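Shown here: the complex without one of its protein chains, the others still in place.
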Amino acid sequence: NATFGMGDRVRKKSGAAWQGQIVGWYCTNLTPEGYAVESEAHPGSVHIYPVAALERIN
Amino acid sequence: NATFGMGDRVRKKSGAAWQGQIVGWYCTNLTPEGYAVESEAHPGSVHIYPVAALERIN
Amino acid sequence: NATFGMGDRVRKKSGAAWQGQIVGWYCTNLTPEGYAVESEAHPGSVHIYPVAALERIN
Partner (left out) sequence: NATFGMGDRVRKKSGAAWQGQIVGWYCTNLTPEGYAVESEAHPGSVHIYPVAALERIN
């Protein structure tokens, strides 16, 4: 039931910015659906965010 | 061919410390096999590391 | 007018946990008063947070 798949382009909706491709997944009690996103601006740098923080873009 | 699975207890081998359970996975060109690890000391806090940075513990 | 000083013991108030000593400072438009905190559980690992996310403890 994953919202995003590998390679989707996503951005953070608000606050500190982040944008790039989905490169992984994680799950905790605090964040039952989380994603790893590699920056499209800073190759190799990856952030993890809850699904609710992210939106898919073209 | 994953080295670790969900729930394995791992620690960072050197440098800044980190220890807890595997909670996810990611893959980039820089890090073709990476893991998300939730701290066992700081619930909810998650770091991502390359496989080579981590070792499984009891 | 800094809320915390070097060496203060602080914790994150909510969400993902973090606890340890103040080891630095930063300032952005999003976070005009921010602090670096070295984990007391994971030596060497440092997170940065806005002041509003942190509280001083004994």
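The first chain written gets the first letter, and so on, giving A, B and C; residue counts start at 1 in each chain.
Going forward, a contact is a pair of C-beta atoms (placed from the backbone, for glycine too) under 8 Å apart; a residue touches a chain by one contact, two chains touch by 3 or more.
*Asks:* So one chain is hidden, and I want to know which residue out of A:22, A:23, A:36 or A:46 touches that hidden chain in the complete assembly.
*Replies:* Among A:22, A:23, A:36 or A:46, only A:46 touches the chain that is not shown.
*Asks:* Extract the touching residues of chain C with respect to the undisplayed chain.
*Replies:* 23-31, 34, 36, 38, 43-44, 46, 48
*Asks:* For the chain that got dropped from the picture, name the residues of chain A it touches.
*Replies:* Residues of chain A in touch with the missing chain: 15-19, 39, 41-47.
*Asks:* Extract the touching residues of chain B with respect to the undisplayed chain.
*Replies:* Residues of chain B in contact with the hidden chain: 15-16, 30.
The working rule: only the chains that are shown with their structure count from here on.
*Asks:* Would you mind pulling out the distance in Å between where the CA atoms of chain A average out and where those of chain B do?
*Replies:* Taking the mean C-alpha position of each chain, the two centres sit 18 Å apart.
*Asks:* Find every residue in chain C that makes contact with two or more other chains and list them.
*Replies:* Chain C, residues with two or more chain partners: 15-16.
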